[PDB]
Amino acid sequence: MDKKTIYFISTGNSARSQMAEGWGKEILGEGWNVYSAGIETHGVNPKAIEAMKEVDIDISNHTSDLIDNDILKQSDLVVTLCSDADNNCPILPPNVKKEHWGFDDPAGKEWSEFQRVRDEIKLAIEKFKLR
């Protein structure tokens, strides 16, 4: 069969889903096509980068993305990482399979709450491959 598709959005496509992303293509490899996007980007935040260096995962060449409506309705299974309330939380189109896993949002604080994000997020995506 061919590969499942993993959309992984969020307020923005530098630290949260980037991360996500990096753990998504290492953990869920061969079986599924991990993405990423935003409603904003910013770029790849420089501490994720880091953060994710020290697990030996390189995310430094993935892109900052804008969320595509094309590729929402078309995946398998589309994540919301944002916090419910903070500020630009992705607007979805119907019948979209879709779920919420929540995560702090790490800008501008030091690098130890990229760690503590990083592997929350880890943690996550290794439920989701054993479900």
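We call the rigid core the largest set of C-alpha positions that still match within 1.5 Å between the two forms. Residue numbers count along the first chain shown, from 1. Compared with the form deposited in another entry:
Just one residue from the list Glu99, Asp58, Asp86, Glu54 crosses the 2 Å line for C-alpha shift between the two forms on a rigid core fit, and it is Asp86.
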Second form
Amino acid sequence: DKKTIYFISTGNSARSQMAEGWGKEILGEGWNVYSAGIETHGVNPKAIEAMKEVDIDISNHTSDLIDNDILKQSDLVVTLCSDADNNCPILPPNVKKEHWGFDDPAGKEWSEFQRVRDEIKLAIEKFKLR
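The structure above corresponds to the form deposited in one PDB entry; please provide the structure of the form deposited in another entry.
Since only the chain itself is given, any partners or molecules it might have are not part of what comes next.
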């Protein structure tokens, strides 16, 4: 009944955490939304703050390693950065893979966290309309 979308970044730090937050609110009904990383770098505090600003709570989120069982059951795996795209394991033939690249806001001014957060929102809204 419910389909599965899996957002992947290098360390499950910011872009993938914001994608999971937006995904749960926009695609909530018929979608199970998860996020993971090749490595675990912790949840960037600025990513939590960025989502709080748009009234989305991601304070309980964890930085998790990619799981083979979630990959096998995914309808769509979305990679958000180039290293994650190349390091993602070879997927089952029935699992679709898409690369939605977004700039890394880490170490940049707060305005870049705001910008990337909103670009991710628009990409997920475009996905909902498919």
